[PDB]
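Just the one chain here, the form deposited in one PDB entry, laid out as structure tokens.
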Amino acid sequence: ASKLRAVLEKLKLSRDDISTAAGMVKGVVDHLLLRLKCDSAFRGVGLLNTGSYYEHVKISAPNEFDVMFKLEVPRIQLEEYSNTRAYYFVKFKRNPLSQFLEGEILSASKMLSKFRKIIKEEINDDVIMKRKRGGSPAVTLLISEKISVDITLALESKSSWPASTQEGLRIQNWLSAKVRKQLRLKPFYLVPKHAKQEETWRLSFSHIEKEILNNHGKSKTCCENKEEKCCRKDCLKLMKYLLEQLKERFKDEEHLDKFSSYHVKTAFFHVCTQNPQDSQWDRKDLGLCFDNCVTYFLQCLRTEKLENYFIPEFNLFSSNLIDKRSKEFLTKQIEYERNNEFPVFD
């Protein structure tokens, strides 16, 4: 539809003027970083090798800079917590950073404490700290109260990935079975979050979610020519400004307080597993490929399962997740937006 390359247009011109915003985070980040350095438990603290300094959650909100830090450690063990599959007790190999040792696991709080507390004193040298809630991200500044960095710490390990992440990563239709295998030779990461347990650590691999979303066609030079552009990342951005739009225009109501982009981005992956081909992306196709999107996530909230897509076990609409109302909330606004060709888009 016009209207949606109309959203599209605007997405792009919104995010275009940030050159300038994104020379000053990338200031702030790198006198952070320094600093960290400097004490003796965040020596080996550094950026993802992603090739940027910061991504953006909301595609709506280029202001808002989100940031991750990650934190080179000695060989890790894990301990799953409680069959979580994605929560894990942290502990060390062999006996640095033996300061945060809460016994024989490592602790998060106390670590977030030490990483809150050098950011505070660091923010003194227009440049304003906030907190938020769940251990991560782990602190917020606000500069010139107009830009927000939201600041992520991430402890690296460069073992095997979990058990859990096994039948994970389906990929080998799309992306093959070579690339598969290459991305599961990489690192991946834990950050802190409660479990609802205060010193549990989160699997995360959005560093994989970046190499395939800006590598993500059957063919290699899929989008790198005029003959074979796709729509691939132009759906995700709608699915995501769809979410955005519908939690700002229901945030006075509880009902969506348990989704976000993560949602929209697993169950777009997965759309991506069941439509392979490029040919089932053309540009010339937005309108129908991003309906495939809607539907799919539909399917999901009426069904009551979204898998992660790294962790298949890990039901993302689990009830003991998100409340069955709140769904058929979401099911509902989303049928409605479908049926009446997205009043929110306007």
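Take the two forms, superpose them, and find the largest set of C-alpha atoms that agree within 1.5 Å; that set is the rigid core. Numbering follows the first chain given and starts at 1. Compared with the form deposited in another entry:
- In a rigid core superposition between these two forms, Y53 is the single residue of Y53, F317, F69, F42 whose Cα is displaced by 2 Å or more.
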Given for the second form:
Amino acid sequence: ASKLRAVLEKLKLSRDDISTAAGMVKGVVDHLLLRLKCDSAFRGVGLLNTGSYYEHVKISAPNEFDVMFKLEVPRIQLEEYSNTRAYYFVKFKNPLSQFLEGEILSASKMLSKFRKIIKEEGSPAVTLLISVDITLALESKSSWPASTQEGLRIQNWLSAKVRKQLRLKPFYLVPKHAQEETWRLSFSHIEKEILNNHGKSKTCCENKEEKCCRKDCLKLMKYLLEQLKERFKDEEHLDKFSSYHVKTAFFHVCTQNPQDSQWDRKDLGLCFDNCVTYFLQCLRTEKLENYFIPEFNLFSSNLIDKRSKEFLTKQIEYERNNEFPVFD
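Having displayed the form deposited in one PDB entry, please output the structure of the form deposited in another entry.
Below: the lone chain, stripped of partners and molecules.
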């Protein structure tokens, strides 16, 4: 209870120092974006909005930032790869013809040029050095792919109006490989909008009478994983897990507990325990549905070994029964 709020305060004091570092990262980005704009192939490159840096996977490592460069392109048509609901080949119907390999757009070819232009100056295409990961993403203004039709189950939490409005925004495709020329769907912009506008009430966390602990629970779940990943970094059974798994599980708990009253700031310990319990259930049953693509199991044996899940299950059960020693 009091231990949880002490961790958040230590995290908060850690964030203030990078306020000056933000402009330092934001300077390198504003430059690199201009240099990429001079190449004919990257004319329509820009920052993925709502903030230059998305502050990486690590809540406990403010030294490393994460930035996404979106590439506006003509109308995209997609071909699903091998029944994997998230990976696709990209096809056309001007300057990107150089990266064409028949009809399929070559991720390896565009990444190689993306890297060459920056060097002289693929989930992260380049990592600069205080680290900065840069991801190239294709912007598509088409309707969201069919695999997202039963995802984003926010209707009883953020309303069906908002889900309708959110699904009118573009989606994004990042060169991730399953096959070395597929692209992976990305909804980082939607995830940020949900986190920063998270309550059933439109004025959640806008006044002191409506302070919920939704954000604090996510910070704590991210800190728990990073601490465990750092403690057991040499054991290799936690390499697969990332903050995306914790964020995904958190969004399911929001769907599961849609009322702001279920996230009262004075129930932080119970609310954090709700997220820990749901994340364990996903580990034990090896089922963590992608929040936007319900058929993509993030905890499938294809992606993460069963022994890794029960290792993490074992460690989280330990921390839970010992009142989380890795926090102090």
